[PDB]
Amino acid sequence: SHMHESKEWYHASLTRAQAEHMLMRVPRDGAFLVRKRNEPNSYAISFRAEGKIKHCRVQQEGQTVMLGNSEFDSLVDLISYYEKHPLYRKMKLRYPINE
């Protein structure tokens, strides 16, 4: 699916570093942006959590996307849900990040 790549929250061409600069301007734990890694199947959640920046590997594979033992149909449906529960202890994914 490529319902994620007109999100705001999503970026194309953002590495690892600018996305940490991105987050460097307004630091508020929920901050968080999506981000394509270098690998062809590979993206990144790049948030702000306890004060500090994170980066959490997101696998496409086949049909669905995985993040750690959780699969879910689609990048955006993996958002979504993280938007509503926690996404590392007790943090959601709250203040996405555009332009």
The other form holds:
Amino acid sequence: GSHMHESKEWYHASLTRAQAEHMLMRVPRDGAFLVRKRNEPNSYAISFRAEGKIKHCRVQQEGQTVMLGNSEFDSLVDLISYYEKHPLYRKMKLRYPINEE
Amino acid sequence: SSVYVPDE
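For comparison with the form deposited without its partner chain, produce the structure of the form deposited with its partner chain bound.
In what comes next, the whole complex appears, and the chain from above leads the way.
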């Protein structure tokens, strides 16, 4: 569902980019990730570690769906489920959620 | 100046 991520432990709402990097740098591990709401309308970021570096990917909420690049999904939860199964960046998949404390 | 993974 459209707002089902609001009770997912990997979703951190208005966590800042710096706060997200701090969390990802505590015990660095390729495949670690969290999702945050950006300070732009209808915009989220996946913050993650892949191939030894920390990166951020923008996700757009467009009407009822979400878009990552050219790929559309029904919802953020569906997007995250897909990228647990198929690579998000190079060969890295979402594997180790950083949970809200 | 936030750097993100390139679009597309």
